[PDB]
Amino acid sequence: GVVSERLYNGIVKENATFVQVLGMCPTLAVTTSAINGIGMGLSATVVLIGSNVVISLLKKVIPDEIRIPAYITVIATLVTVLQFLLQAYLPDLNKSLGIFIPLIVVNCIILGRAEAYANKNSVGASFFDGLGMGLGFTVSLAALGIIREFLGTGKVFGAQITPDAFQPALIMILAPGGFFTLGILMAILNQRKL
Amino acid sequence: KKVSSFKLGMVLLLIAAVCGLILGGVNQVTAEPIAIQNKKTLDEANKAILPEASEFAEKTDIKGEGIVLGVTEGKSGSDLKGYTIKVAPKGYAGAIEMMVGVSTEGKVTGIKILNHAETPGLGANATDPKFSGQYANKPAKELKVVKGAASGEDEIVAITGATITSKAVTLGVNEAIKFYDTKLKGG
Amino acid sequence: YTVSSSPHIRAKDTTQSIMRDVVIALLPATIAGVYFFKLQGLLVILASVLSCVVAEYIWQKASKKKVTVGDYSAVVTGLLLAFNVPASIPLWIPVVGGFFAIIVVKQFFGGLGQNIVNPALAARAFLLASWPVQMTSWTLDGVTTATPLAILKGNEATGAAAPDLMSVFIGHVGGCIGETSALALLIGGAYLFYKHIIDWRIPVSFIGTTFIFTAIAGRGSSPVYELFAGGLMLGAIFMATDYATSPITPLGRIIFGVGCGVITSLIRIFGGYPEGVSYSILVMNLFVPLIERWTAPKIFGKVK
Amino acid sequence: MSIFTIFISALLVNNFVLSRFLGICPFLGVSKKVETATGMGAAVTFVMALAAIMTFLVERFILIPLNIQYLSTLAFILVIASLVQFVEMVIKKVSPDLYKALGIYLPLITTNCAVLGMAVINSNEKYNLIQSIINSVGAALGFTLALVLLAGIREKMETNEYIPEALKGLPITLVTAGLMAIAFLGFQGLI
Amino acid sequence: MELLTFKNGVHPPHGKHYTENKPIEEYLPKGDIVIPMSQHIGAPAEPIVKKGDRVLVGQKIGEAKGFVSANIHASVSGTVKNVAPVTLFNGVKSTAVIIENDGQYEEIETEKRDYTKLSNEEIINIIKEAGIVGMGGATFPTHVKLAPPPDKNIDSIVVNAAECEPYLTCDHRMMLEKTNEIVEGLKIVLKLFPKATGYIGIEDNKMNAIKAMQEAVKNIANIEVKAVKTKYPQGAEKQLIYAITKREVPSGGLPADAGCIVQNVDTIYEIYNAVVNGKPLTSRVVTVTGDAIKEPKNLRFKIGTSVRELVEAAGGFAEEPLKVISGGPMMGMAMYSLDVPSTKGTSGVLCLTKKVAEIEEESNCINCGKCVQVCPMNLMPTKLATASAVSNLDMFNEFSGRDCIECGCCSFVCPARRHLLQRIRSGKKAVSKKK
Amino acid sequence: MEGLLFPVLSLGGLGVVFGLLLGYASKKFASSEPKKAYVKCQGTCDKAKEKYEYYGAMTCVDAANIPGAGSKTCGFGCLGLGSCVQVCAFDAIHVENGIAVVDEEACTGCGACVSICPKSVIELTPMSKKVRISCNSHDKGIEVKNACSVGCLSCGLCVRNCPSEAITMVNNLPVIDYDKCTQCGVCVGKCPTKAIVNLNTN
Ligand SMILES: Cc1cc2nc3c(=O)[nH]c(=O)nc-3n(C[C@H](O)[C@H](O)[C@H](O)COP(=O)(O)O)c2cc1C
Ligand SMILES: Cc1cc2nc3c(=O)[nH]c(=O)nc-3n(C[C@H](O)[C@H](O)[C@H](O)CO)c2cc1C
Ligand code: SF4
Ligand code: SF4
Ligand code: SF4
Ligand code: SF4
Ligand code: SF4
Ligand code: SF4
Ligand code: SF4
Ligand SMILES: [Fe+3]
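Protein chains in written order, with the working numbering: chain B, 1 to 194; chain H, 195 to 381; chain D, 382 to 685; chain C, 686 to 876; chain S, 877 to 1311; chain W, 1312 to 1513.
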């Protein structure tokens, strides 16, 4: 029963954004309100466990010249299953729209993961670090997106906390200004750990 | 490291084919929830904009000929309650695609902007309820943009610092008003 | 007990005698800019400078260093972010802009002169992008007013009746605290050239290329009227000519000065913005290592 | 929509890395020296472009009798997977180590987040062909231009001792690129 | 005439007004001489001499065991107290011969009093006997310098007359007191080489010196005036050749690849002293200077006097200097101590006051661009001095920082007072280490 | 069912054919006890005069190329300017009081710290062999007299007094050969200056 450390290994060291710096592409695009990114990280989490459970049953029969084309197709089939869930079961009609939903087949993390680990890792030895990796993913979002939202509108979870005139800052929510929050925050993660 | 193309090609085609079949089965099963939910989101926005109408039917014989791309007729059973008019006036930075509700009595009941390319965070957006809610109960006559204090009966307060956007939105609604008088009053 | 090293003189002027000469050199442009604006505009310039300087003083106590405040880097950056604002803003919005002007652009990137861009343009781009409605005001003679750069396209205000070309030199034109007084800014650049603080190779080429773009564009009562309009007289003299942003090479300078008007005048005319002396210097400042690599002085004995 | 409106549209005003954040994951990677860093974008002027021709063949008539767009997300991207294992064979043809100096990103050249994003972008406006191809060459020149510009900053940042300890290497690069985005924000009214 | 110059440079302050118009008094020695064999560039000669011998002016002190070494001669008659090792101001433990002065001034006779009959190979030999150093700057023996391997044909001989440095009046006098003799030697230096025409290259700032000279050049063909503009570093060998014959010196090269061979005027007067007056280097002019000295002075020292007694002959310290200087203010090394013997490569001595000598702990470089503007060679120094600190040697070689002359001009203009040259010197030694 | 066939046959017009272009073209073109650095210098401020005040870089590698060969009266000690802290990223080495000192338990033996010093004061030693010399001098000791009170005076009794003779008087210095040494340790009282130092883990 190694799941407890395999998770803390996936979030303190294997973590996608603060350490590994794969997968920034939603992580800056989705941040403009934090719920949209918590749903981006939850949808990323269920596709992240669901890739490794199917691909590690498939793992033995791949010639070394085609280590990637089977992986991008099974992630395309898994990705579609969720986008067809997005149009139907639970749209909520904000996470259905302002997320760039197709971009999870070309998320930099998971294919930069499955070649590195789930190929040589066991089929079972894949479900635990994928759940943990997805968990870190939302965590590596939610601490950032509360900061970018609170310095933006001030409406954490969409809800007001200050007189509207004092906080009309918005450039954070804009495209240059999220990078500065990552360059404050990951530097704060390294300075404690220095 | 045997890499012959015949072995590879048949295994490749298989894996891509099984994924395509499974996706096709998912596609046939999912069409009906998508159709009800799409209809529901259009009807929900429609009911919020035009609350006296319960049923909406597109006037399919009239292709729009100016900035209007289509029209949806609003009924409560047999009675005509109004129209939703899709318009796209040229703003400062691009088209502003919006829906405009117009009652048969000649009041603009409100607007809803759908496109996100208008004024990207500059000033205060036109999608804000403090601006967009001001169009409720206005007469279907030409509205004018003011610098300064609001009078009400014909004035729309410009968003501060974004007077060009307010002139563009007010121009688009007034052209929709002109379309209402020429094509829509009495059918 | 005798001190030693290999050159023994190293005498000309200290960086305090560079900077402080610049802080004294803009004084007729500021004193000509201030008396239309009264005390009303003085509070933003003193509070923005003192907030900028003490914000560098907090970062000298972070990683330890000798305080460079006495080298007078910190005052010049503060005196130039205050030039960019119209006078009616609450003070805290510039104070957070001076805290961005030091703590991110200058001190994360190194010490004095290691940063790849001018801080005042970066704090100004952060300022105008975050609260444009606070920046919309053009306070002079009470009322909010039109400025020449908007009416010159003709696309914007209905109200236009342009000021006569002599009135801009006096400073009677509205807009921001320094830039309107172009003649006293010429008095400060005429002082700065006498000390050999800066070569002609940036201002002459940059003013010449935007004059060519405004002449083939044709846009004005005269082509000459655009050169005193706006911040462009500050941007040929105090802004782009900054040591740290500017390229080192003699030919590297004139490529940066020709190409600054390739990007500024296009935002002025083809662009939707009122002016391009800002967002244009940040792109040409980011081009500099690719200029400085390929453009080098010729070696005294190259092969062939 | 005309060709000069389109080619500027990825080059400057709406560059893929500097506002949209398409392409950000490589962009911290092989910025290390400009002499290597231009060859990743020289790889990107093929991949981005020949896939734009091959995705048009799906949009020409291979999709069309089904009269459903839904399959495309599982589709042309497999053809993007075909074009990248073709180009690992020609990176090794004379000079492998050209892009091998940080070859962990060599696979991510299958799966750059921008490289779908011209194509889904091309497939979410239904563009006529040659506007899609000049949109591809302008996104590749803008990706090559921002990568070479960060490479000229990070040659200077590796030879500067004065930066605070915790900040060394990567986080300052996030401070630049967003400042580099601050440079491109003023283009917004040109197009 | 019109004032030619090379493209880039500085204008260092002209300290010469303290010293410019005073007689060269002889300094008679008081304390004991020591002679260090190490004064020529390359490996020192071992002395032949051993303890208790009688010794005299003009004796060779030690045979030159190598292709590039030159004969020593004693300043003074005396006796050998001890083949003592001693420090130089560099702190190398050079071999030396103590010679107490007897006070008696015996000298061996030798005379010739014609050059014109002589074979040119007899001149190069008598100049190897003389043992003469090239006097200014870096200190070659002149006998290798007069003998290129044949394929690099000469076009001309400029003298490098242009004493660029502040507070160094030592060559201006040799021009007032004895202008024929220097043009006499020049005619000689030109007997060893035909095809090469001669040129003087004096600065305009001593306009009185060339106007004394201008009557001497009228009655003879190949020498002629070439006045030059006042700009440091005119006295560097690579820039004066671009200044006059307008070829650029090849990188990595020798002056014979440019076809011309610069010399100091001091070497000229002493090559005239060897072929005609028959004697080698007993002596050279120092210029002691600086306001901390009780008066400005212009001594003719006898070689190997201790410097302390020499500055006490000049009037001594009104206050203690913070930086006594061998050589010129820029190029020269500073003293480890006042105690060191004087040597042929000294050309002057400075004793800087607080009003100049106080610098500051350096600020970070501002990217001012002045240092590229002032290098004569158009080297781009801030990347080179920044390259030694990380030891990224491929950046040192692509920038061609092996080329640099160490003029000291690039430190001199910097507002930050970064001192670059010591990083340039450590990188120039490391490129000899590993390439 | 009839519309289900269209996704699989429409996939097959790109189906095999990318692997037809792939592998048909891919077949066309497919130790001792560990060493540890030690300073061989003892020059805390008071124990050695410096001859001169030093303008300069405050790096030790820069200070070689000035007249006087750096600030110490000894030519062979470390300057204390601390350029070797920059190369040891592991940070065993602390400058204090104008000398380097390795911490005895952090150092890897990585050995770049010898090559960076112009004066070559560092010598790698075995960790076990606790007696260790501590000067770099190459001089007659009357010149040490006015310079370094801690210094070896080339005094030469130590070659008479070691039974194992792990000592040799190379180049007017002690030079231990540590493997011959038994660590008998009488030699630490033998030096008047205590230029030898036992590390005294007992
Ligand atoms: C930067 C620099 C400046 C020099 N300035 C002088 C000078 O002012 N006067 C001088 O006689 N030699 C000067 N020299 C020395 C020359 O390089 C060359 O040695 C001299 O011109 C001829 O004297 P020589 O016979 O020793 O070679 C300078 C050298 C350098 C590198
Ligand atoms: C005439 C002159 C003007 C300058 N103007 C600026 C300026 O506007 N902004 C700035 O950040 N630095 C400026 N500097 C340099 C400033 O002290 C510092 O280098 C900045 O941090 C630029 O990197 C200027 C320097 C001089 C000599
Ligand atoms: S010393 Fe070197 S860097 Fe300085 S001016 Fe002379 S050549 Fe240029
Ligand atoms: S070293 Fe001095 S002169 Fe050279 S660039 Fe730096 S500041 Fe300017
Ligand atoms: S004698 Fe010992 S302590 Fe003194 S300088 Fe030399 S090595 Fe250092
Ligand atoms: S390596 Fe030697 S000289 Fe250099 S700093 Fe360390 S002890 Fe001092
Ligand atoms: S450089 Fe290597 S050997 Fe020297 S101290 Fe550091 S870790 Fe130990
Ligand atoms: S006994 Fe002491 S002083 Fe004598 S040589 Fe040995 S260590 Fe040096
Ligand atoms: S420790 Fe004992 S055995 Fe070893 S060298 Fe010193 S005296 Fe000899
Ligand atoms: Fe990505």
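Heads up, some of the hints might be wrong.
Some chain S residues well away from chain W (every beta-carbon gap over 10 Å; in silico) [said to hold, decoys possible]:
id: 1; residue: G967
id: 2; residue: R989
id: 3; residue: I1002
id: 4; residue: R1049
id: 5; residue: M1211
id: 6; residue: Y1212
id: 7; residue: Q1298
id: 8; residue: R1299
DSSO-like mimics (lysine-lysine), calculated; alpha carbons at most 27 Å apart, straight line [unchecked claim]:
id: 9; chain 1: H; residue 1: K306; chain 2: H; residue 2: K257
id: 10; chain 1: W; residue 1: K1501; chain 2: H; residue 2: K201
id: 11; chain 1: S; residue 1: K988; chain 2: S; residue 2: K1021
id: 12; chain 1: S; residue 1: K941; chain 2: S; residue 2: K1231
id: 13; chain 1: S; residue 1: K1305; chain 2: D; residue 2: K679
id: 14; chain 1: C; residue 1: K811; chain 2: H; residue 2: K233
id: 15; chain 1: S; residue 1: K1259; chain 2: C; residue 2: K853
Hints in this document: simulated from the structure, not taken from any laboratory. Idealized CB from N, CA, C, for every residue including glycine.
Taking the hints in turn, this is what the structure says about them:
Its closest Cβ contact with chain W, about 5 Å, brings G967 (chain S) to no more than 10 Å, contrary to its assignment away from the interface. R989 (chain S), annotated as away from the interface, keeps every beta carbon of chain W farther than 10 Å; the closest lies near 43 Å. The Cβ of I1002 (chain S) sits about 35 Å from the closest Cβ of chain W, beyond the 10 Å cut-off, so the non-interface label holds. At roughly 28 Å from the closest C-beta of chain W, the C-beta of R1049 (chain S) stays outside 10 Å, upholding its exclusion from the interface.
The Cβ of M1211 (chain S) does not lie farther than 10 Å from every Cβ of chain W; its closest approach is about 7 Å, which violates its non-interface assignment. For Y1212 (chain S), the non-interface assignment is contradicted: its Cβ lies about 4 Å from the closest Cβ of chain W, within the 10 Å cut-off. Listed as outside the interface, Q1298 (chain S) is inconsistent with that label: its C-beta sits roughly 5 Å from the nearest C-beta of chain W, within the 10 Å cut-off. The claim that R1299 (chain S) lies off the interface is violated: its Cβ sits roughly 7 Å from the closest Cβ of chain W, which falls inside the 10 Å cut-off.
Under the criterion of a C-alpha separation no larger than 27 Å, the hint pairing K306 (chain H) with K257 (chain H) is consistent with the structure, at around 21 Å. Pair hint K1501 (chain W) plus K201 (chain H) does not hold up; C-alpha atoms about 83 Å apart against a cutoff of 27 Å. Taking the CA atoms of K988 (chain S) and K1021 (chain S), the gap is about 23 Å. The hint holds against a cut of 27 Å. This hinted pair does not check out: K941 (chain S) and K1231 (chain S) have alpha carbons roughly 47 Å apart, beyond 27 Å.
Between the alpha carbons of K1305 (chain S) and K679 (chain D) the distance comes to roughly 25 Å, so the proposed pair stays at or under 27 Å and holds. A distance of roughly 24 Å separates the Cα atoms of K811 (chain C) and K233 (chain H); the hinted pair therefore holds under the 27 Å criterion. Among the hinted pairs, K1259 (chain S) with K853 (chain C) is consistent with the structure: their alpha-carbon atoms are about 20 Å apart, no more than 27 Å.
Checked against the numbered hints above, the structure violates hints 1, 5, 6, 7, 8, 10, 12; every other hint is satisfied.
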